[PDB]
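Shown below, as structure tokens, is a lone chain in the form solved without the ligand; questions about how it binds or moves come after it.
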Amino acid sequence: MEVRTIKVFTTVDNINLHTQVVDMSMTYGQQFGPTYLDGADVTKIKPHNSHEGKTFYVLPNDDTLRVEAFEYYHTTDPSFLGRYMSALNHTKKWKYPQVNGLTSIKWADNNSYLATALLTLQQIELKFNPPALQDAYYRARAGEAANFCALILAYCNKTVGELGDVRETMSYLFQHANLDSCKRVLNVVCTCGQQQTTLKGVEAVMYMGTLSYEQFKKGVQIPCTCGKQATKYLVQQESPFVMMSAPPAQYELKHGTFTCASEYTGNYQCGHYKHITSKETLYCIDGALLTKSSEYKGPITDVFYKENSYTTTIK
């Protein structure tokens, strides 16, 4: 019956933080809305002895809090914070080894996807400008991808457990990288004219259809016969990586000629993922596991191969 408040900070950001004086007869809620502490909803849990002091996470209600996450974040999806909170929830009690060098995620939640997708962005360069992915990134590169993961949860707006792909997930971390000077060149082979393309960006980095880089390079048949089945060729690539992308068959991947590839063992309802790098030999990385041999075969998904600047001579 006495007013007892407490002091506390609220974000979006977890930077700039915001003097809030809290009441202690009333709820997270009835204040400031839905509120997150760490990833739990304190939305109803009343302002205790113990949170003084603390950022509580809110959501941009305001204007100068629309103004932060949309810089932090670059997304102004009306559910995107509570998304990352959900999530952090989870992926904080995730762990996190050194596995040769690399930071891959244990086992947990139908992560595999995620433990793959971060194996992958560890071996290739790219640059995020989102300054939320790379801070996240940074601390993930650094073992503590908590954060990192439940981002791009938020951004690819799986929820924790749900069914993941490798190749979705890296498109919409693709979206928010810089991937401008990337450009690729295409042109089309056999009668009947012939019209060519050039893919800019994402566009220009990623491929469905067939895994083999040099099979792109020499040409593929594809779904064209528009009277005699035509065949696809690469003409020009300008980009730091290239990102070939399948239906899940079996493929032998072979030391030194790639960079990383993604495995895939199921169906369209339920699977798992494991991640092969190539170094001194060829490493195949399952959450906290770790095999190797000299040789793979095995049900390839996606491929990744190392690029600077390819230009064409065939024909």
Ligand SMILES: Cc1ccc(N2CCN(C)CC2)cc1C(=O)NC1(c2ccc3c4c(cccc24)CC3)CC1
Contents of the next structure:
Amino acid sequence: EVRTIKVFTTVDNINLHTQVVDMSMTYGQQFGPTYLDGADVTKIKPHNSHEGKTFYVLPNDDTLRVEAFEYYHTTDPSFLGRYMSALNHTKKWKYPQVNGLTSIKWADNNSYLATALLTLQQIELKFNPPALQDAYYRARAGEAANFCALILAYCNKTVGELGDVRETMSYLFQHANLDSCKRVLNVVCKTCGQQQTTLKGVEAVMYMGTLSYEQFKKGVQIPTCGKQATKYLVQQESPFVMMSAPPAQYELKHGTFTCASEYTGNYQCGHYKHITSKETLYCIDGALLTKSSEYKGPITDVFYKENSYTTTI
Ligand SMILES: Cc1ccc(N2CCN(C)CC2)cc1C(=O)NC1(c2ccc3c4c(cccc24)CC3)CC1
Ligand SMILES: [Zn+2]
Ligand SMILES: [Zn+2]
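Same protein, different state: after the form solved without the ligand, show the form deposited with the ligand bound.
First the chain shown before, then all remaining chains and molecules of the complex.
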């Protein structure tokens, strides 16, 4: 009447720790908060089928929170719980291959996640947290459920809430290795003069104003010095740039961009689709694929590939 089984506990699914569990007590009474493949089992009692299975638990000793910080690059005590709660849902999403890319069937307002996912497969990016590197590898392969859950946890967003593609990519770039990325800008006035600026990291591969890359290089008008100065790109060193602006009708031409985010609807309650440039223009809407030779639509982000740009101005 006091049976026991052997199981593994973990915080990272890479270091496993053998545990003997009393089948006469719940998991929470022995481990605290405890999860099996996302599902919360803190209040469940052991079952014969759990022998050998692996269980996530919360970092409750020093060894365990070293392993957790080293895999996730966060000390936030709630992070594991949110990741498990998210994963409990995303493991039931469907991740079809669509035009050679892993996508996500629409559920729970996950259009923005799909668009992020599709984009990440088209640009050169190296994540620092091993959790993101391993899940991304899995995602690329076709099984994105851990990756999607990790994004929600890194972003403090829950299943079913629509999020912002630009903001999500900004959170993720903040965990990617962009050290060697450099942008150089110049702002010129008719009255005042040249005021050069330099940026690095995620700020050198992002923008919030215009959706065109040529316009940025040519110049754009922006405000205290005088009135409406011009801002233009002097130098860019990075594998990609991301040009964003509030959604507006916009024409996309094959060969002149890598991919982009179409947004239809109102602020914070709309719908994203993902436009990619391959041999023709494709539109990937979760699990649905359409082709066109041209495109006119409400676009709010555009990714261009890059290596090194130097102005002639
Ligand atoms: C879908 C969504 C989810 C969450 C958010 N949160 C998250 C938290 N953040 C502090 C603020 C905004 C925005 C959008 C959104 O809809 N983002 C877009 C956007 C859509 C529509 C409009 C935008 C405007 C300015 C800027 C962005 C706009 C004016 C009208 C589609 C790109
Ligand atoms: Zn001025
Ligand atoms: Zn490149």
